Amino acid sequence: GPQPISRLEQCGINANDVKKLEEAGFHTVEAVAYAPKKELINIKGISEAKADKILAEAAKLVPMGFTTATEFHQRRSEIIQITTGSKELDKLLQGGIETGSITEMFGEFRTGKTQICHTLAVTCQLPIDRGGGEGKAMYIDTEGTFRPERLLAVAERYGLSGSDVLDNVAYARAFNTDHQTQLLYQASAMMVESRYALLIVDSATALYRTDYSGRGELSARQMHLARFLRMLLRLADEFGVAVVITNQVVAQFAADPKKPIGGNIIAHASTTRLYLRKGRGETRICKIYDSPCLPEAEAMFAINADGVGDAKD
Amino acid sequence: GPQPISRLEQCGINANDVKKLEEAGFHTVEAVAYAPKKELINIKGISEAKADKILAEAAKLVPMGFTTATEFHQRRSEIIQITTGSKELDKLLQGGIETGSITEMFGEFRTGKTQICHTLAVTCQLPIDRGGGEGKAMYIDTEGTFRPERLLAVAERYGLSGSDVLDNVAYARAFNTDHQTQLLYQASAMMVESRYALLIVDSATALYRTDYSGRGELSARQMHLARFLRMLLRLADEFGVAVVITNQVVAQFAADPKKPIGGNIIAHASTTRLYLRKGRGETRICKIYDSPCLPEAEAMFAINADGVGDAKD
Amino acid sequence: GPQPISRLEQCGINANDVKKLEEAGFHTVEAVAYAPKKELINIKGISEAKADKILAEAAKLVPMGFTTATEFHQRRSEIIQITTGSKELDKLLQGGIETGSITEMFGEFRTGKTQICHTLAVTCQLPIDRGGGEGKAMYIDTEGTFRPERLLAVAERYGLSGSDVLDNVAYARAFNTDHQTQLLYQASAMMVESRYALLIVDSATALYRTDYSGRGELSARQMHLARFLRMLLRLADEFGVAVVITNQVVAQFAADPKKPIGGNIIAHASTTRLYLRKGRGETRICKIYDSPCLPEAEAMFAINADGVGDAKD
Ligand SMILES: Nc1ncnc2c1ncn2[C@@H]1O[C@H](COP(=O)(O)OP(=O)(O)O)[C@@H](O)[C@H]1O
Ligand SMILES: Nc1ncnc2c1ncn2[C@@H]1O[C@H](COP(=O)(O)OP(=O)(O)O)[C@@H](O)[C@H]1O
Ligand SMILES: Nc1ncnc2c1ncn2[C@@H]1O[C@H](COP(=O)(O)OP(=O)(O)O)[C@@H](O)[C@H]1O
Ligand SMILES: [Ca+2]
Ligand SMILES: [Ca+2]
Ligand SMILES: [Ca+2]
Numbered sequence: 021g022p023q024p025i026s027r028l029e030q031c032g033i034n035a036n037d038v039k040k041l042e043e044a045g046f047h048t049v050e051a052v053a054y055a056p057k058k059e060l061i062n063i064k065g066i067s068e069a070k071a072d073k074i075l076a077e078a079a080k081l082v083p084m085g086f087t088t089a090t091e092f093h094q095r096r097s098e099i100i101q102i103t104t105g106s107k108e109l110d111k112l113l114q115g116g117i118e119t120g121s122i123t124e125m126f127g128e129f130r131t132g133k134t135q136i137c138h139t140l141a142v143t144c145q146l147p148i149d150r151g152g153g154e155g156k157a158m159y160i161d162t163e164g165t166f167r168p169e170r171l172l173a174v175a176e177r178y179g180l181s182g183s184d185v186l187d188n189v190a191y192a193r194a195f196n197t198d199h200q201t202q203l204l205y206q207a208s209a210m211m212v213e214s215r216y217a218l219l220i221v222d223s224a225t226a227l228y229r230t231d232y233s234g235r236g237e238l239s240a241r242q243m244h245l246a247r248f249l250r251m252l253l254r255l256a257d258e259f260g261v262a263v264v265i266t267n268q269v270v271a272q279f280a281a282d283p284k285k286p287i288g289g290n291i292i293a294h295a296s297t298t299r300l301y302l303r304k305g306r307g308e309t310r311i312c313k314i315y316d317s318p319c320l321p322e323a324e325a326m327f328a329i330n331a332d333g334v335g336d337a338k339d
Numbered sequence: 021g022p023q024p025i026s027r028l029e030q031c032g033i034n035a036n037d038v039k040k041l042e043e044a045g046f047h048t049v050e051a052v053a054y055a056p057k058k059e060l061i062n063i064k065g066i067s068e069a070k071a072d073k074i075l076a077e078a079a080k081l082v083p084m085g086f087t088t089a090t091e092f093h094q095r096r097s098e099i100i101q102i103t104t105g106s107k108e109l110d111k112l113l114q115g116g117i118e119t120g121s122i123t124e125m126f127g128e129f130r131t132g133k134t135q136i137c138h139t140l141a142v143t144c145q146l147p148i149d150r151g152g153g154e155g156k157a158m159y160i161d162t163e164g165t166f167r168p169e170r171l172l173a174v175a176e177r178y179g180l181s182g183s184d185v186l187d188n189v190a191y192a193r194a195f196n197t198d199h200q201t202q203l204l205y206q207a208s209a210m211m212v213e214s215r216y217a218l219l220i221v222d223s224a225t226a227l228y229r230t231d232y233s234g235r236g237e238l239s240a241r242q243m244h245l246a247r248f249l250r251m252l253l254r255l256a257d258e259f260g261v262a263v264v265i266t267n268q269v270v271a272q279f280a281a282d283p284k285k286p287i288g289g290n291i292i293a294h295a296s297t298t299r300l301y302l303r304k305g306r307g308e309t310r311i312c313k314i315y316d317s318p319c320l321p322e323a324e325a326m327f328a329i330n331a332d333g334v335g336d337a338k339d
Numbered sequence: 021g022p023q024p025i026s027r028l029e030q031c032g033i034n035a036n037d038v039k040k041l042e043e044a045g046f047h048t049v050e051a052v053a054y055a056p057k058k059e060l061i062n063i064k065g066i067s068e069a070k071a072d073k074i075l076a077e078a079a080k081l082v083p084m085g086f087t088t089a090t091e092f093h094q095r096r097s098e099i100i101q102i103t104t105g106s107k108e109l110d111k112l113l114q115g116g117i118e119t120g121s122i123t124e125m126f127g128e129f130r131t132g133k134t135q136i137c138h139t140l141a142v143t144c145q146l147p148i149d150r151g152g153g154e155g156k157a158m159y160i161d162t163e164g165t166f167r168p169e170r171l172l173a174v175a176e177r178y179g180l181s182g183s184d185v186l187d188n189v190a191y192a193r194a195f196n197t198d199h200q201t202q203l204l205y206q207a208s209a210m211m212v213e214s215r216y217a218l219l220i221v222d223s224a225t226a227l228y229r230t231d232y233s234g235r236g237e238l239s240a241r242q243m244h245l246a247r248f249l250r251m252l253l254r255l256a257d258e259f260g261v262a263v264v265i266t267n268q269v270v271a272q279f280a281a282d283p284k285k286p287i288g289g290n291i292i293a294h295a296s297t298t299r300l301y302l303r304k305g306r307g308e309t310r311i312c313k314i315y316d317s318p319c320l321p322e323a324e325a326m327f328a329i330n331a332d333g334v335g336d337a338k339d
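Listed in order, the protein sequences are those of chains E, F and G. Sequence positions in the first sequence follow PDB author numbering and run 21 to 272, 279 to 339. Sequence positions in the second sequence follow PDB author numbering and run 21 to 272, 279 to 339. Sequence positions in the third sequence follow PDB author numbering and run 21 to 272, 279 to 339.
Chain E extracted, bound-state conformation:
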């Protein structure tokens, strides 16, 4: 559980300015502790006089200094690996989708990217014993291709009350690139008033191929995309929630898998890349393209009327 921004009020910072820290999007103390000095002066009100003082006070409330690897080992061993819904993939991922980082699944059209995200939108409220996360979910949508009709079909596969499963998940369409980033600001708000566990952006680079569809602004197409993925990694180690993004890839304009999603400036954004491919048969393959800890391996899976599942045969 993070530390809300109200705890910083009693720490030595005024009240009229803490509300100003809020309007900038910062909702907790780690959000400012993970922020540089340059970003706080950009606020129209506050200046360098307080900015030194606030960041100094925030530093003590958030562990920021060095630490051992053993202490980081037993703390990294404790992160939740969200159940993928198919036992073959859990072994490929040594648990499943790992929270606190960016998970980027990219594959050709018709590969289950939309339904994998759907199945994950319910497997996250499963109890930890069931490999879940006991946390709320969120599914910001861009293609317009999300609908509860598939969610209750997966609740019955795992024995849940779909009446409350739809309550434990939120949703909003995205029409524009500026509305995609703006929606994260709102998203960053209600993640404080609750305990979400899985944000889903499907698809991330979808809306960037339609608005920024010119040849002169290829620079701006990535500058604006970088600012988007920045706050996404932001919200990942801020609330420690899993974030899963989606991309559509061509076989032969961030579509070439030879280049990462975060263009070149933020290319270190995605920490786990899963390439989804239809095999020679009617059976799907997930390939873990890059994840320092997990091998470059493969597994097979399939999709049923009840979500992601293991291969039939």
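Note that these hints are calculated values from the structure, not bench results. You can trust all of the hints, since none of them are fake.
A pair holds if it fits inside one copy or across any two, identical chains being indistinguishable in the list.
Heads up, simulated DSS-like pairs for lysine-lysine below, C-alpha to C-alpha not over 25 angstroms straight-line: (1) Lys304 with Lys111; (2) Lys73 with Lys40; (3) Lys39 with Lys58; (4) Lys70 with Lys57; (5) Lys111 with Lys313; (6) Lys304 with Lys338; (7) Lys284 with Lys304; (8) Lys39 with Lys64; (9) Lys39 with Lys73; (10) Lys57 with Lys73; (11) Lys40 with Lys57; (12) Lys39 with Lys80; (13) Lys111 with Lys338; (14) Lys338 with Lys107; (15) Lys313 with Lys338; (16) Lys107 with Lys313; (17) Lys80 with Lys58.
Once you have looked at the hints, place chains F and G with the ligands on chain E.
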């Protein structure tokens, strides 16, 4: 072994001001001996009255005057060349990573930069007979892509106790440019209370492409980066420890290899540049871009589940 | 051979004050003869009473009055032109590096500035018949990029005993601007106890871009640099030794070649400027930017494992 700042107390300097030398970041006597007169007056407390006196006393405790090349030859022949983990590269580097200077590996995405740094994070506590350094390690991380899961895999390749290997290494994430430089201050502290041998900044220019992502502050993007690489060369001849930084390079915003890492003001920062490139096959090549002593040569290597290794065939 | 300061003791000056002339840096009689009345009163001890008397006595010991051009012609024809190591450049320079003045080579990064200085650090102890100078050498270093590994490689190219070549050269790192100027004071000392022939400052303006890296002190960045180049021209006609400085230049903060090295107050410091540039091919060009006697011309050269050499083809 350096000379701690406490030895300067008994040399003729007060106690309330030696604590002030500490708060400025100076932890030993060489740290002030390698400092100019301009930098000590910038302290809010002390003035030019003592600054002449302190630097005069520090001068005698640290060999500062001229010397012969023969005396520098046999003293430079004694520096440790950290074992790279692949025998082909030791010949390319005439030993491996040379301590007391800045080592900058830069290559395209997916080139082992992250895992080479990983393998070096254990090869440094090897005994000198095993080409190691018998010194602690440090891995300040920026991409978030570091994890012990690969370290114990390399300890078994060299026969070590991974339970203590993680104890002999420290680690901390970096989120902001101002937090990158601030973390060195803390780093400069616990390097006195122990004997580190290899600092690793991976990646150095990573966080400078995300915060300073505008067009007007291209000057400030390098001014702040210079102050970072300054203290890095600082800590290199201060404790005589090896410092290895990392950079991600585009094929076709310090990403063009035609320009050095330290922009233009501190461009003399990196003393050994190694360009990492995937060949026409599935085999990697390290090329020593610039190192006055080592030829502009090439070697091949590969990465396994147990760290950097020689080519399979 | 200069006249040491001890000869001034028997000339009519006391002993307790001649030691005071020493502590001020003045090691011979020309050093005070080339000094103004204003500079001697700045000493805490002596006053205008002796200052008139000392400078009057020093005047007779050092030829100071007028002279003909013929007498200056045959005396200027006798100055040594240090062999550059590449026959093409000797013709461009009508002999090579001319002693008794300031030689400033400036070029882009990766132009041989470091290795040209290296090759000159051995060509100076060559006998005069071999175009050398039969004098000791000195290489005060700032970038940290000097090492004997290249010196013995050039001794074998000219047939020398590298065991003694390193003895005939001295060296010291420079970390700060105040340590750069302070090192000249020591340098001015042991140049009396021996016969040096080539001082090398590589690079001169390097350390002035790191300490004086602010916007308010652009005045002080040159004031302090002027005091440095002052004593450098000082030591040039004092011991008549060659002094070669180095500068790193940007293509598009004394980096613009449109402005000289000595900023504006001492801009007459450098007497020969050589611009080093990588041509359209892998071959280097030296261009003599300014030298009243030598034409504005060009030549080509190259660098091998054995120092500066003529073009291969
Ligand atoms: N309700 C469903 N029940 C079963 N299979 C489905 C269902 N909807 C889609 N599929 C199958 O899953 C794939 C499409 O899933 P989807 O996640 O929408 O993929 P993508 O977004 O890549 O087009 C196709 O192979 C399709 O036959
Ligand atoms: N655990 C591992 N075991 C074996 N090979 C790995 C492992 N992790 C990554 N690799 C391989 O090494 C490269 C990635 O290494 P990494 O140091 O993370 O590179 P970079 O940071 O340049 O992306 C890829 O070729 C990948 O296949
Ligand atoms: N030991 C060496 N043997 C041969 N060529 C070298 C050697 N070291 C450097 N070079 C070459 O000389 C140039 C670098 O020389 P250097 O004097 O260090 O230049 P700069 O200081 O301008 O970077 C490059 O073209 C490099 O390929
Ligand atoms: Ca879809
Ligand atoms: Ca990396
Ligand atoms: Ca150089």
